[PDB]
Amino acid sequence: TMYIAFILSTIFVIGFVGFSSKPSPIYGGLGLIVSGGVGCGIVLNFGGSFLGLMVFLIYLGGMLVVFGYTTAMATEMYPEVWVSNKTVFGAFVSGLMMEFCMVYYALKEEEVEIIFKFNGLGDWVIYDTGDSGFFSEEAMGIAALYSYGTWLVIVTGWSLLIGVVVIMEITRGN
Amino acid sequence: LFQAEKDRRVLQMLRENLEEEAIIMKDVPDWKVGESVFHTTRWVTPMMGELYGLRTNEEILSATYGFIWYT
Amino acid sequence: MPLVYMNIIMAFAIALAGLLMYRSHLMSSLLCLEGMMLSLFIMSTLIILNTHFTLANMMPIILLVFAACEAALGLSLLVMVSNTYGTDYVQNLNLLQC
Amino acid sequence: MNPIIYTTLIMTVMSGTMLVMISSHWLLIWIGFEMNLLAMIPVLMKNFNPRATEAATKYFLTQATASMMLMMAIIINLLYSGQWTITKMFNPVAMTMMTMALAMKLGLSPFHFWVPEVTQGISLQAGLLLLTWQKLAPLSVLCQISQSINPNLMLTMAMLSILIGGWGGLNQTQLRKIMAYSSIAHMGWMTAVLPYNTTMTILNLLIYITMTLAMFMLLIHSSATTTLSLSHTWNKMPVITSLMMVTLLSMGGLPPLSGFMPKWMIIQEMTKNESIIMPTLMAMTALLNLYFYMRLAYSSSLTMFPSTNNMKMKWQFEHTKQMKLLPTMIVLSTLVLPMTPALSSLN
Amino acid sequence: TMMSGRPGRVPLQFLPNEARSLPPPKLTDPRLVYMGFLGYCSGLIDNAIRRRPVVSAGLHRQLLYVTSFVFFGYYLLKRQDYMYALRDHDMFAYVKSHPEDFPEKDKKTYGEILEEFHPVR
Amino acid sequence: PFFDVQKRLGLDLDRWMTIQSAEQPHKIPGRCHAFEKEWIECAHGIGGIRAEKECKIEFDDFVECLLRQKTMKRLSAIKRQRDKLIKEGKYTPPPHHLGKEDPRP
Amino acid sequence: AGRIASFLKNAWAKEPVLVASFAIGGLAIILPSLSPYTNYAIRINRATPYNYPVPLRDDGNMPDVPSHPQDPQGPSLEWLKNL
Amino acid sequence: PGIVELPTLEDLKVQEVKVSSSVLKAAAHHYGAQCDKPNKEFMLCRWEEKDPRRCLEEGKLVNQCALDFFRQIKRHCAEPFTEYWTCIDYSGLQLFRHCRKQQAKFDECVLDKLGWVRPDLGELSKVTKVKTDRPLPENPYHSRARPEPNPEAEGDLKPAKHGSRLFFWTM
Amino acid sequence: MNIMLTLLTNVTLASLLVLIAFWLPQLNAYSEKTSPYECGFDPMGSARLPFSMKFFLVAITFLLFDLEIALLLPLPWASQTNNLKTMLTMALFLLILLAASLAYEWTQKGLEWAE
Ligand SMILES: CCCCCCCCCCCCCCCCCC(=O)OC[C@H](COP(=O)([O-])OCC[N+](C)(C)C)OC(=O)CCCCCCCCCCCCCCCCC
Ligand SMILES: CCCCCCCCCCCCCCCCC[C@@H](O)O[C@H](CO[C@H](O)CCCCCCCCCCCCCCC)COP(=O)(O)OCC[N+](C)(C)C
Ligand SMILES: CCCCCCCCCCCCCCCCCC(=O)OC[C@H](COP(=O)(O)OCCN)OC(=O)CCCCCCCCCCCCCCCCC
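Residue numbers (the deposited numbering), protein chains in the order written: chain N6, 2 to 175; chain AN, 74 to 144; chain 4L, 1 to 98; chain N2, 1 to 347; chain CB, 2 to 122; chain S5, 2 to 106; chain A3, 87 to 169; chain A8, 79 to 249; chain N3, 1 to 115.
Mixed in with the good hints there might be a few duds.
List of simulated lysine to any residue pairs, SDA-like, C-alpha gap at most 20 Å [stated by the list, open to error]:
no. : chain 1 : residue 1 : chain 2 : residue 2
1   : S5      : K54       : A8      : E216
2   : CB      : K97       : CB      : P26
3   : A8      : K207      : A3      : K167
4   : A8      : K115      : AN      : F75
5   : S5      : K71       : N2      : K58
6   : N6      : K109      : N6      : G121
7   : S5      : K88       : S5      : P106
8   : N6      : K109      : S5      : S77
9   : AN      : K99       : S5      : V64
10  : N2      : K321      : CB      : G59
11  : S5      : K88       : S5      : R105
12  : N6      : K118      : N2      : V93
13  : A8      : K128      : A3      : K167
14  : AN      : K79       : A8      : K152
15  : AN      : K99       : AN      : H112
16  : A8      : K239      : CB      : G59
17  : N2      : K272      : CB      : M92
18  : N2      : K58       : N6      : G121
19  : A8      : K152      : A8      : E119
20  : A8      : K138      : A8      : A156
21  : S5      : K38       : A8      : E216
22  : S5      : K80       : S5      : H98
23  : AN      : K79       : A8      : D167
24  : AN      : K99       : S5      : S77
25  : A8      : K115      : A3      : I130
26  : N2      : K58       : 4L      : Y22
27  : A8      : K91       : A8      : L134
28  : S5      : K8        : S5      : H34
29  : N2      : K321      : CB      : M92
30  : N6      : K118      : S5      : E24
31  : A8      : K128      : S5      : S77
32  : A3      : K100      : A3      : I90
33  : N2      : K46       : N2      : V93
34  : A3      : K167      : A8      : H107
These aren't lab readings, by the way, just hints derived from the structure by calculation.
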């Protein structure tokens, strides 16, 4: 078992609690980067190496722009950190306490939330016995974006081109 | 050849799990050993919990993560 | 359902509650918006990889693409607001009233 | 904005809505919503000023939140069924998330504040496109998934929409905010009938779109954005004020005008399903909308307000641009009550 | 959606092939005349908005308005009649197929039916 | 609302991706391909109402294959009973379950 | 034609990078439709046995299906062998 | 619902093929050429029955053919085969490209001692046909009777009686 | 497992180096030594004041193009498909749309830094 997926999921939730308590965009980006790396680990354990590395790389690139933007647009004299503010620390502690409570309840008994029913057992239990051979199912399914999914490529490329046009138009001014 | 070996190994582990379940759940009031959770009588591929359930953590880990962690 | 799905859904709920509760900066809310799509990506790929839905493996990539388009749109609006008002504070977006 | 870029952005908005309407896959529906929003932001920001920037920011924030909630609902539905097709949703929690997201997109209460704020922020053409097309898409999705809609949630949001629209419109004195609150009330009516007859939903959508197009184009023709600005139009072109007064009477639901047909059909259809309290409350609450339409009609056509001295030069000059299909919208929004049984063709 | 998804429905078809067996509307239909009247009203409103003589100017334009409205009204009436015929057909077939749900009841005369009398005084 | 242009024009834009029992690259089967096929075949052509009333057994099997809730309940019950029996020393695991056996190749 | 030559000579003197980029892209778009080896690439991809070749149940009316791998019937990769 | 049926441990017993992956990969083309028929019968059974419990005897026959093939090799070409699979076992990926001399010696030995011809490129991947006496499964999915379809439309269309019947409209 | 052990080893070695650096030498700290550096004179303002970014548009375009390359990365596996013509068409379509985005921004002066 080793509970590696559960530990990683808990760290994922912790990073979300951080950047959602919202200290300041520098530390929000730091927490989001931690969460992206940990999610890469979770999906690597579940099987998708390409998907994990891709989401990690995309969020590393995206948060690089956010740093430059918060240096220019979203900075103040004394940037707030988690312990610097009463509201930020309160929200951070609330999120951590909620995560701890739900984790403890799930481990102690099969916890049914007011939304969904969860069973405390093995993420290794839920896996499938069967195997593939001499190819990666994830890689083949992703590579099927060009043979299958011609429509998806068309709409995605159109959206990206129009996105360039839009960002040029919004920031025109005048 | 590996297909035949796989079928024999899976069925053997299932039979052993069934025997251990019969030994364990002998005093449970409403419990039928070997009862399927599916309405259909068609053969259903076991999940890793059904095969490596009553086994050591070493075997469980090898079966569930050995390939992914092998680098 | 495993506890992993519970944690991912909890992360999405936390990121949604973060977005809906502004403090001062628009950038922090944008970061909360980017976290929600990260949790959506992780949840979708966990569901797809477990079920061996081979042709659905491309869906998280499209999800990421449109997350990027949303982030670009939000950053463009943020630079326009900052040019107008000197700060990215959401208190300045009060000219229009209900 | 370059005319070519503007028309390609309009076409992209329309393409996103059409993708939403023709897709059978939840991912493609989400893609259509995203494409619509992305191309719709610059249209709002077409005339650059702080109000337009603020309106575009608020619209983007609301629509991004709604799209995120919609994708969460889609993924939750996939978890419990493994189905990507848009049909009855297999999870009540996913259905509740989907209903909340689509209501936030449409502006149903309590998700309505962005509607008056953004509409006042953006120009008349942008508000026309916003109301019409951006109501056109989510309602098609709701009609597709109607058989799993929670009647209690849908009807609660519909009655809230009707009440809020009436009251806000009562207070407002700006024409664009009046139009926005009227839009909220009409969306309330449509979604109230939604869990019983999607055909009646479509009929109300078409009549509302016609009346809104006529009203917005009359405002654009008269170049009036406030009550007092519209009070000068009787001294320039008294025909436009009369047409606007008849259109306002139609929008208020007075017989025998075309605005009575949707309310009539919806009341009848809900009564068939043994609903009486809800149709009676809905019918009585529309008197608020009629009151502020009549308040607007007093200022512009039924009374003659003071004018200014440069109106003489305005008399000397003539209106150049011609509105496309304005006479047709005026006629369709007032005189098609005897053509009611064509809703079977609409079926 | 009552009749959406009815078996044998071709998508995006304004008028199916099975609608050809119904009587087409007469060209002097009062509904067609009302559609022409709507076209004429649109033409007059066009002249009024553009500040031309309302009844005199743009006779060709007014003719085009009336003709377009009559054309579209003719096709709309055909589709409406087809949908109503389809509804009646389905209803009759269902009643025929479910006799236990739509039973014929024995008719009793008013000499046999007893009704309470409520005097007005 | 729904304009079935795909059905009208004979196109295939996303119906390939709608289900996991459809054509997959290299004929890779889904985890619940048989259950989904059975449910789809049962529910074909009878509409949503009758499909929900009558194919409930097939749908229940499909959801069981998807989520594995009854199986996890059984596994957890067996684990709890085994742990309780081991706590009081009433149960002894066999060597092939303790790791003192030679499995098949 | 003279205008085309003048434009190309000006671009080659001002933007050789862009001239090379467009030439390479244009060749990449056009050449595959003229190459006789595209079908060979498709055939080589089809000839790769990723999964098991499940045999057919013999009905006695399958003269083109081999009974053994080494029988003459069945696809041949002799074309790929000498390629 | 019901109780699953599992074969006992007595009838799951068989003589195992206790060679390693390198040994199997060395004698893989000759094995596929020689023991083709039992393996094809077993694979057809597995794909038609969709049930491990219904093709145990075919698995026993597969193991028996493998053991007979390896005994036949061991009786005649033990030394070249040992050299060949020793060469294969060194490679981390178990590549055929690095052991062409030993493969040549082994192929020469089995061609003379046993008359074996190694399959050419693209032959073991061919889809063949199998003659079996076991009947074709009628219901391999254990399906149920499908729900009866709704009755189709019948008759010719007549105009709606008394028109729309929508309130006061006479048409 | 091995990768986790490797990451742990690298992080532990770096942290030990930091610990040795901050604890081995003799330390003497006072307010003048630890003051911020600005070439011998005191800083007029604060280093936390807003710092204008003249390439704000190139950053957004970088986000979009980064996800374009994310789309392009699975091409090596896409070359093993039987639908080579469709794969090649869609790959060239994506690359041509990327080139079109670059050309549009370049001609509309999006690549020029603000003045
Ligand atoms: C190359 C990368 C890794 C580098 C690792 C370390 C490299 C250097 C190894 C040799 C270091 C020798 C000792 C230097 C200590 C600093 C000198 C100093 O501060 O002197 C002034 C001070 C003077 O003290 P004082 O008491 O006279 O002064 C009082 C203060 N004032 C100046 C104001 C009057 O020296 C000391 O305090 C002496 C402390 C003990 C010195 C020996 C202890 C360290 C032994 C190191 C052995 C190696 C293993 C452990 C080290 C880590 C490496 C694994
Ligand atoms: C030049 C002559 C004049 C032309 C003027 C043209 C103006 C109108 C443009 C034509 C509009 C209709 C398009 C006709 C071709 C499209 C065919 C298709 O769209 O028709 C059917 C659908 O068409 C429309 O739905 C109905 C057309 C009729 C609408 C106009 C009348 C609305 C009623 C208003 C009554 C009171 C006003 C009376 C008119 C003045 C297809 O059914 P289906 O694909 O499966 O729908 C799926 C979605 N559903 C099931 C939920 C509905
Ligand atoms: C299929 C598309 C239908 C809509 C097309 C609308 C195009 C015109 C839009 C502008 C507003 C109306 C026209 C007002 C006059 C404009 C200036 C002028 O002098 O126009 C002259 C023009 C002459 O007509 P002409 O262009 O030759 O006809 C088409 C030839 N191929 O004069 C005219 O064209 C006048 C008559 C216009 C047609 C009547 C109005 C629409 C009728 C619709 C019938 C269906 C009813 C429901 C409509 C719902 C909304 C579309």
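Query raised in the report: Looking back at the hints listed earlier, which ones does the structure fail to meet?
Result: 1, 2, 3, 5, 7, 9, 11, 13, 14, 15, 16, 18, 19, 20, 23, 25, 28, 29, 30, 31 and 33
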